[PDB]
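Undergrad: So the chains spell out like this:
Number of protein chains: 2
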Amino acid sequence: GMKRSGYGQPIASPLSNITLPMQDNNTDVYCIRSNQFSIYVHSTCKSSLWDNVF
Amino acid sequence: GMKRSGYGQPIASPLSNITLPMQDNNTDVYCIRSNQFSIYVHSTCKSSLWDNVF
Ligand SMILES: *[C@@H]1O[C@H](CO)[C@@H](O)[C@H](O)[C@H]1NC(C)=O
Ligand SMILES: *[C@@H]1O[C@H](CO)[C@@H](O)[C@H](O)[C@H]1NC(C)=O
Ligand SMILES: *[C@@H]1O[C@H](CO)[C@@H](O)[C@H](O)[C@H]1NC(C)=O
Ligand SMILES: *[C@@H]1O[C@H](CO)[C@@H](O)[C@H](O)[C@H]1NC(C)=O
Numbered sequence: 537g538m539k540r541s542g543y544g545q546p547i548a549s550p551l552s553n554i555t556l557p558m559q560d561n562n563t564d565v566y567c568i569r570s571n572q573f574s575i576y577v578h579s580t581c582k583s584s585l586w587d588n589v590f
Numbered sequence: 537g538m539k540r541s542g543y544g545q546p547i548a549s550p551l552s553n554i555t556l557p558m559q560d561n562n563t564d565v566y567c568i569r570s571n572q573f574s575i576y577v578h579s580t581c582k583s584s585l586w587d588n589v590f
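First to last, the protein sequences are chains B and A. The deposited numbering numbers the first residue of the first sequence as 537 and each following residue consecutively. The deposited numbering numbers the first residue of the second sequence as 537 and each following residue consecutively.
Just so you know, these hints were derived from the structure itself, not from any lab. Don't be surprised by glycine CBs; every beta carbon is placed ideally from N, CA and C. Any given hint could turn out to be false.
Said to hold, decoys possible - Partial pick of chain B residues on the chain A-facing surface, computed with a CB cut under 10 Å: (1) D560; (2) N561; (3) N562.
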């Protein structure tokens with residue numbers, strides 16, 4: 537969740553969201569339960585003028 | 537404060553309570569003010585189906 541400052545210094549929001557795949561319903565802890573695995577990271581950048589709209 | 541998950545994996549609640557003896561009214565910090573001491577730990581296990589009833 538990127539935004540902006542008076543000067544214009546771009547600032548990210550500690551209020552950002554990390555999503556792990558779904559396991560045992562909770563999605564706050566994902567575990568690997570297989571013999572092999574591959575991990576990939578992807579991201580989406582959203583912005584706002586107003587706080588928390590994105 | 538133990539409970540249960542959909543699968544059944546028993547889970548304890550960070551919402552658990554540790555009680556120290558009473559000193560200077562506050563019970564969040566207990567100090568030893570004697571020449572000798574003995575410390576014992578005891579516990580009670582309570583459970584719930586509904587959250588926070590125990
Ligand atoms: C993340 O999701 C929360 C709801 O938990 C939402 O309020 C917030 O705007 C989102 N933050 C992002 C997408 O940066
Ligand atoms: C700094 O904050 C004050 C109070 O919100 C505001 O009046 C002023 O315009 C701000 N100046 C900036 C954004 O540089
Ligand atoms: C601990 O006491 C709190 C009140 O501070 C209560 O709401 C909570 O259910 C108790 N947790 C236990 C006994 O695990
Ligand atoms: C996972 O959570 C959703 C939303 O609360 C619920 O509909 C679903 O039945 C749950 N599945 C479980 C408990 O495995």
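Undergrad: With reference to the structure, classify each hint as holding or not holding.
TA: Now the hints, each set against the structure:
no.: 1; hint: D560; result: holds, 6 Å
no.: 2; hint: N561; result: holds, 5 Å
no.: 3; hint: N562; result: holds, 8 Å
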